[PDB]
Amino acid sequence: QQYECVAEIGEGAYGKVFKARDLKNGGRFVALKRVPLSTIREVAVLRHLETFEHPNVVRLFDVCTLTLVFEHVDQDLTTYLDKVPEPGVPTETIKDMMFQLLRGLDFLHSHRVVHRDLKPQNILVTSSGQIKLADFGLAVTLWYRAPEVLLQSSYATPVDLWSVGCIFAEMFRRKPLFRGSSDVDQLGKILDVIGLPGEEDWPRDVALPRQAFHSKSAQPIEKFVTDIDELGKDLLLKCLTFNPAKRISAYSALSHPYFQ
C-alpha cells in the first residue's frame, strides 16, 4: 500500500481523517479521508480546483479509487492562537493572514464554491506561515455560522464572509466573539452586539420572527475587540452585516483601505 496510517487527526464528522506516510514520495506526511453521483461531482470540483493550485488552499495530491490524499499541515489557527506569545498577534501578522484568507475565499467564490463551515480548525498555517483552507466541497460548533444559515433562509457565498468577520475579531481577542449552545442562542448572541436589524433585512418565509429578540441596541465594536484600527472596524462591520446582500464580498474586501 502507498500509505501507512500513523494517527487519527479527529473530526469523524463526514468520516475518519488519518495522518499517514506517502511511502512512494519520500515519507512526507499526508492527510487521508476515506469516504450515488452527487459525491462524484463533489470530487470532480476538488480535482478541478487543484488544477489552478492556489497557494491559499491545501493541495490535493491524489484520489485513490474511496480515499482523498491531501498535504498535511501540522498546525491550525486555534493552535497558532493558543501558542502565540502575549501580548498576542502583531497587527501586521493579522493583516497578512487575513489577506491570504480572503484570497483563498475569493478563489473559491469566483468558481462558485462555498466553504459553508469556515472555522479556525479547518484553517491551516504552514511552517512558512502561509494560510491554507481545508474541509470544504464534501457533504457541533455554530460560533461562526451566518444568521441566514441559523435561520435556514439562504446558504450562499456571503455565509463565508460572516465567518471571516468572526475570525478577524478572534485574531485580536484570541477568544471567540459569539459562543452559542444552539442556533437560536447563537442568533441571540449576534443581535446582542450588532443590534436588531430592520424588518426589510429579516428574510421572509422563515420559522424565527424578528420579534423573538428584545432590547437589542448596537454595542460599539471596540468594546468587544480592542486595539482594532478604524479601517479594521470599517471592514469588520461590512463583513458582519445581517443582510447577506448588503454584506461585503471577498473580491471587494481584498481592495478595502485596511490593506494598503
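Numbering follows the first chain given and starts at 1. So that the term is clear: the rigid core is the largest set of C-alpha atoms that superpose within 1.5 Å between two forms. First, how it differs from the form deposited in another entry.
- Residue 42: CA moves 2 Å or more between the two forms after rigid-core fitting.
- Put the two forms on the same core and the Cα of residue 245 is off by less than 2 Å between the two forms.
- After superposition on the rigid core, the Cα atom of residue 236 is displaced by less than 2 Å between the two forms.
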The other form holds:
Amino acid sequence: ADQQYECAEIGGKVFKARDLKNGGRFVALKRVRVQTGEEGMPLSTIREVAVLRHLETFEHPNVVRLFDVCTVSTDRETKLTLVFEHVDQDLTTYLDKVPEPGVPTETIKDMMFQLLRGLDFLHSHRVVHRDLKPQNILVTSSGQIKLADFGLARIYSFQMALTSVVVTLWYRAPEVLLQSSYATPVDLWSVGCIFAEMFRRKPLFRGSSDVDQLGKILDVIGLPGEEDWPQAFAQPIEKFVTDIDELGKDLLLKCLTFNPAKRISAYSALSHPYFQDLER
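And the form deposited in another entry, for comparison with the form deposited in one PDB entry?
Only a single chain is listed, so you will not see partners or other molecules.
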C-alpha cells in the first residue's frame, strides 16, 4: 500500500519511489515517526519544512527541493511523508565509490564552489544550516551539489537563545565544543572539514568525545594566543592534506580558523583566488 507513489529502502526512513502524477518520475520519500500523545508535530520537521518553503520562490540550484507533506492519520498515529526531488548520491557514498587517485581536483574546486554558494544564499536570508556533513551534501549526476536535511536550521536573530548542541562532533566547531555562542561561522567550519575530507577521502577531526574532539583540532590548527580565546591542552595542514595545491591551503586554514570572529565567510571565500581558475 503506497499512495500516489510507488515504493526494501535506501536509508524515520528514506525511500526511493516514483510519481504516478507525473510521467513516472522519481522522488525521495521521507517517512517521519511522530509518537502518539506527545507535543504534536516534531520540532525538527516544522523547522526544516518552513525554511525550504520560505525560500522556494528563489528556486536556488544548490539547495534541495521540497514538493509535498503527507500528514495522514482511531487506531493509527500520524504518518508523515515528505516528497523531495531524488538526488542519485550523497557526498559520502560518492567519495567512497570514486575510482582511483580519488576525485579530480577540478571536481574538488567546482563542488566546493557550489557548496559555498548554497551557504552564501542561506546566511544572506539569515538562515544557518547547523548540520553540514558529507551525508547531508547530495550530488546530482551532472556533478551538482544539493544541501539537504534542514531539521536543525533556523532564522538567527540577535539575543536569541541557543541549545549547546549542534552538528556531529566530527564536524563541530570549537565555539560549540567550548560551549560558547555560535552563529554562521559554524557552517564554514564544516566547509573547512568537508574541503579536507574531499582531498584526503577521510575525515580530518575524528574523536570519541567532545574533549577528545577539541584536542585533535588544536593538534593541527594550533593553540592560538589569548586574544583569540573567549591553561589546558601546529604541524602544517599539508601533513594531513597532501595533494592540496598552495592556494587551496589558504582557503582551508581560513575556514579552519579558531576564533569565530576571524573566520572566512561564504561570500568572500567565493572570491578567494582559489576559485579564480574555474570554468564559466
